[PDB]
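One chain follows as structure tokens, the form solved without this ligand.
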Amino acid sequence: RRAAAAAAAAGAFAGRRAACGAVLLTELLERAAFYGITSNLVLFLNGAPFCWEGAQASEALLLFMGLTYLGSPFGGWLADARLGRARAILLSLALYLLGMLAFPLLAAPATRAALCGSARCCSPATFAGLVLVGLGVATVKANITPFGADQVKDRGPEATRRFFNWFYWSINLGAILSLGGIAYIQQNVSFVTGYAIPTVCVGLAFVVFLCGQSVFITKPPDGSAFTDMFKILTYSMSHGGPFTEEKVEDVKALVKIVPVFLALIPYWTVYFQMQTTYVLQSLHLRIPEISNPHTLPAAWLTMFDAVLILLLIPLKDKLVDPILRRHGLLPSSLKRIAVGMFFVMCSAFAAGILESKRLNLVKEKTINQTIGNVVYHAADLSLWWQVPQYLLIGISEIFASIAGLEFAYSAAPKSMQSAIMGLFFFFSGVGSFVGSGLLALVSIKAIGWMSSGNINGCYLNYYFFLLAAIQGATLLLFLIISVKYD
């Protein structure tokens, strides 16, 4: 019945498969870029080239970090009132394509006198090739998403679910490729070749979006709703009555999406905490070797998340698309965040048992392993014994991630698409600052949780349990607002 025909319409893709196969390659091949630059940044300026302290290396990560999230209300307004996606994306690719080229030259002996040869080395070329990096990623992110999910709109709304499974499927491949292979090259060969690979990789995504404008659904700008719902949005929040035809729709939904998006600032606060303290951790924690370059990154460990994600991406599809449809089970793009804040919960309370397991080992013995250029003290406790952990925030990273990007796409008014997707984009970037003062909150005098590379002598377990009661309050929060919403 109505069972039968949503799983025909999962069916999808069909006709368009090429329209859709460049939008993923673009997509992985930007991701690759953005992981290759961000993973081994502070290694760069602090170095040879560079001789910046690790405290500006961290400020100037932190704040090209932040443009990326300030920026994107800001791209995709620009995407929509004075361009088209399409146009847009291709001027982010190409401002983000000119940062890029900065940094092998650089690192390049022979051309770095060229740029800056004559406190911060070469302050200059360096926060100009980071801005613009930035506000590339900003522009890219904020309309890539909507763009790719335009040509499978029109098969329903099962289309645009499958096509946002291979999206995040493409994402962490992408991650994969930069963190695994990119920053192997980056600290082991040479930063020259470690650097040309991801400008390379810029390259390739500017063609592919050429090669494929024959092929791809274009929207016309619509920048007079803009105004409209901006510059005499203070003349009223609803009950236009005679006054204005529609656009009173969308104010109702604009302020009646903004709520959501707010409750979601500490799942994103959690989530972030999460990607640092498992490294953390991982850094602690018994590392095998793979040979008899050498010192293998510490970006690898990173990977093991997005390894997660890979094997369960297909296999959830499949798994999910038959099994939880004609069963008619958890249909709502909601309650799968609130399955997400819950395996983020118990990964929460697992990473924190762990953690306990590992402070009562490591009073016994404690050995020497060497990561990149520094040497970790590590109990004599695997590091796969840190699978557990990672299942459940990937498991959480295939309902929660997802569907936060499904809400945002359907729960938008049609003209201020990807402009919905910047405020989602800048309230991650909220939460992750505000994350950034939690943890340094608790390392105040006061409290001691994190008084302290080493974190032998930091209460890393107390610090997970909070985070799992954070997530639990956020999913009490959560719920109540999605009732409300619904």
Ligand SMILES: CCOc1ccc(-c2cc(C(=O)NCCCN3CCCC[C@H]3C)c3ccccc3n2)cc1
Given for the second form:
There are 2 protein chains.
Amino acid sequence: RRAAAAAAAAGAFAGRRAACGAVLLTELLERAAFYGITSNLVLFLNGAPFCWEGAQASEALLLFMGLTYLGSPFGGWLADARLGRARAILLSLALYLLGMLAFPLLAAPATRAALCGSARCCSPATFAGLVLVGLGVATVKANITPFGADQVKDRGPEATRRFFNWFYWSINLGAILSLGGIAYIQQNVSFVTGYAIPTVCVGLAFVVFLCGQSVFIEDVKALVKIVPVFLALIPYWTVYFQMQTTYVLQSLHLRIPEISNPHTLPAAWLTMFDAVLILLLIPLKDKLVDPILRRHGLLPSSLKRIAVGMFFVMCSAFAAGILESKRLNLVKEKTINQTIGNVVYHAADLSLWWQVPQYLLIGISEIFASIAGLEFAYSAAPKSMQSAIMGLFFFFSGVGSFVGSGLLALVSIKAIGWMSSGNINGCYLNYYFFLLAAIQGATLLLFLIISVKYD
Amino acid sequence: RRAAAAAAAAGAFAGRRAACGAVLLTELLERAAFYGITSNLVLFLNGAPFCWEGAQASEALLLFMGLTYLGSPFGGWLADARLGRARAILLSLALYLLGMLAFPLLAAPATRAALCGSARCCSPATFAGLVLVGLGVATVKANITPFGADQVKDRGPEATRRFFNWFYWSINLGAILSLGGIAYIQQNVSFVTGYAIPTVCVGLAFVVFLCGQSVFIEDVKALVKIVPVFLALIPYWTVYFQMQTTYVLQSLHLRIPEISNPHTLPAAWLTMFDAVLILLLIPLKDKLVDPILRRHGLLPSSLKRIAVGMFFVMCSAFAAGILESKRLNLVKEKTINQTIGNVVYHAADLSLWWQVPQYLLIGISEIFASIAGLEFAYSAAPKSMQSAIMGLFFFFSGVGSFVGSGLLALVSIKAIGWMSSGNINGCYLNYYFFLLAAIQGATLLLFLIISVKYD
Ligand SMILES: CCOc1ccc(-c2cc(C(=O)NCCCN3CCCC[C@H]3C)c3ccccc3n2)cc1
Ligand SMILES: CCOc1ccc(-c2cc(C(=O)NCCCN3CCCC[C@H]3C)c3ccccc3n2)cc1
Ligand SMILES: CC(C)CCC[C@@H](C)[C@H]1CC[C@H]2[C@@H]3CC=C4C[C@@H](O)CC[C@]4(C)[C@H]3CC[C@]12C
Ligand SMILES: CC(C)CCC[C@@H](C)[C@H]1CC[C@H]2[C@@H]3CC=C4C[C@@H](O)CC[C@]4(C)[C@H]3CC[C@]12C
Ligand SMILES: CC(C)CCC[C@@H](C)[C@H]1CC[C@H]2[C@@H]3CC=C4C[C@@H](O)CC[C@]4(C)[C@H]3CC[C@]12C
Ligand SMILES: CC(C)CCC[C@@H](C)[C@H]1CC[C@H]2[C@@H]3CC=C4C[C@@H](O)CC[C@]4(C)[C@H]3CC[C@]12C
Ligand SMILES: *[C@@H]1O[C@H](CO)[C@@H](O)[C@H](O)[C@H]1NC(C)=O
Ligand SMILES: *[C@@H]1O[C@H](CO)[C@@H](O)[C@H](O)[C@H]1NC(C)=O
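Show the form solved in complex with this ligand, please, because up to now only the form solved without this ligand has appeared in this conversation.
Time for the whole complex; same chain goes first.
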């Protein structure tokens, strides 16, 4: 029947292995270079060559992250009006290499005096490197997501679903290689070697495209029809980025095992726990949910898969507040010392691996909501305005990130006092996970109404 | 359009006010007589005239409740094969009056010696009264639910939806008048007056029918298509009846305010808290969800409204375990004494009205799942086999009640120890609400697959 014709299209890519594989390898090397900057930027700026304060190093990363979301609609509109796609990603990866090159030069003591030898020490050389990398990320993310799906666009809307499974797989594989390997080198071996590795990862990502150019391939009503879907995701992004911040804070105050008898393991390894599960669950989805949910006709659309992923975000926030209520009860009796990075944390005597049911549930959530979110921004976009809708899709991702940071500033005031105090043992973090479960539950009920009124 | 034609049918009952109103008043007086027996049966049998043990009084109520679920398919098949509907409810309410009459006779000291004057003291007079009342409830519930919807069956499947709103409203109104008024009289005034009131409520329910007779009005494939829906509700009934038991246990160990300066308020008032909210939320649904969800085309089917009600059961179980973790933390510091019934309870100094967010969520759940559950058992039944499907619908309601009681026996063993100990301050009741949230969440995901594969 029609289910057999869709399962026949599941045998996809069919000759376009080098066309799609050049896109997967480019984004694998671009995510490997993004977490080369983001993981140890504050440790680098608040260090021995640069004597910046802790607030000035954190506000430099906050303006860097916000520039990767603010520049996405402009980096995608420029790929529609003036340039193409492939000329816009080659232009951006050239600028993403130029700003990236300043970080091995500032790390080296020989080349540091050439840039800024004669409050902030080297602010013209540092902030100029953050602008070119930040505008490089925003233009790539807006443009590499439709362009990779344009190769398998010919084989229906089901082959593009299988592309975003392995596109989101190589994003997480590039994050494991950067947060695991490169972030270990930047803290314990050298910043000179540790920033030269992601700069080579940009240059290889530029070469894979020039080697890969040989194999590559009513609307006003369509704009106002999809803006209420993106506005309904702003409370979803709020819960999403505040789990990434606060599950790491729960991991720091929990008993982390030691690995050897270069010491003092990085704090970027605690952000890997989400992405390790995604490497295990995408081959599980691609081989047991592309078959199984298709020949039973179950859950075919992209907007209903976002609502499934919203269900496992809420179940993760409950499982986090249950563990945090147990941990705050257990930290009153005894408290052990552990050092993560270069600061000691007062951890309870409860194992780190009790945080695994939190990461299964946001793991399963990104299996559904994150891959189908890329499918909706691609399919529900006009042909002239693709990658400018991807630009707005990651702009409202950043709007939810800053209103989530303002939510943490709201529960930190003296009137509420949930986050009044690097120690959270006097904070009520479990009450904040229960608030995120209530915001996510109201977001789920709101999104189901928007999803039906969209169709 | 078609939404205006459905809103025109929302102006329903249209001349059949006395036909439906005789059915609403009969079930109001039948629920008032059911909780006249159930609320203080154990206190009556374990009392001054009858010297039964606490186990023998509880097993008499457990065989009584199980007989109201076991006899429902047989009391409804008898209303299809041999008798009609109205001749089956008049026959059952005659037997529901005959067994009910033994309870004022055993309560009175003059007429007690005539029945059983010369282990268990008066077991032939007591168990014979429980059989006729128990078979009377099972035959009425199987038959009064299709028969009331047969009056407004002519005006489409939307007028029957408005019947089960006010049919389920008068069930809860009959429960407030019995658990509030009659259960107060049975414990503090007299059992003679206190059981004579629900016996008059049966006799008035028999007279309203004889006064109301003047105004009243492929299938083998249809059986096996709806059995997997009833089997998928067995984990829903498991969580449903175990919340009714364990929210009362949480209310007993929580600070209940006093009302006067007849003392010692009944324990049946703590079961009223669910039904008081239902009296406030059914006029809210009938006047703001029959309009609003209809002209927006939102959530039209009965099986998707059961899945909405399954979502608020799970959110109630989380809100219950969060309050119970706070209460067990607070009971370690200080503990007050309060007497409910005739036994003292060691309550924490936390107010009873913090249990209100638990009862809003199961309140909203019965607004969706309980009314739409009656609609599915009526609409998805063959015309020859109606009220035998209602009989199976309340039989699987009872299967979930006894497998829920076996779940409490499973978490009470020494290997798990969540319910190893009338005191729950040494028990982990919060871990049992979190288990019920996990069973309900897996039931929701199971029911959505069954609901799609049904359609
Ligand atoms: C309902 C909305 O659905 C979503 C749709 C799209 C995306 C999404 C996300 C990213 C990303 O930035 N992924 C981060 C990696 C893993 N990451 C590593 C550190 C710790 C936390 C962990 C999540 C991303 C990147 C590059 C190009 C596209 C991208 N599209 C997410 C959700
Ligand atoms: C997804 C399944 O959906 C449901 C469908 C039907 C029913 C249901 C239920 C009853 C009942 O027995 N209601 C009890 C009253 C209130 N009750 C009073 C004490 C404390 C607890 C509180 C719930 C009932 C009675 C008489 C005729 C029909 C009836 N149909 C329930 C759920
Ligand atoms: C009782 C008070 C709180 C009103 C409750 C309204 C909430 C609880 C209910 C009522 C209307 C419901 C929505 C109506 C719209 C739809 C479309 C339906 O096809 C899928 C479910 C979905 C998304 C429902 C989600 C839950 C919902 C929002
Ligand atoms: C989708 C939403 C509605 C899910 C419900 C979660 C929220 C609203 C529920 C879950 C647990 C509930 C809490 C249960 C226990 C307590 C502790 C008590 O000291 C104050 C009330 C309070 C704080 C309740 C507030 C409301 C509450 C937090
Ligand atoms: C619908 C479902 C997902 C609701 C979630 C309930 C389950 C998955 C959550 C609720 C409470 C959570 C628990 C919170 C506390 C503990 C105690 C600790 O010693 C081991 C982890 C453990 C056991 C967590 C396991 C997962 C957990 C039981
Ligand atoms: C990743 C592992 C746990 C597999 C997860 C399967 C669960 C989480 C998902 C996968 C398939 C999904 C179901 C597929 C069938 C449907 C019909 C769809 O129209 C409504 C939702 C519903 C009812 C889905 C509920 C959630 C569901 C059961
Ligand atoms: C943990 O660190 C604190 C801070 O110096 C110290 O007072 C305490 O003795 C340490 N405890 C252990 C067990 O090392
Ligand atoms: C509560 O009851 C117990 C049981 O007799 C008793 O020991 C205790 O003193 C009582 N406390 C108060 C405050 O009455």
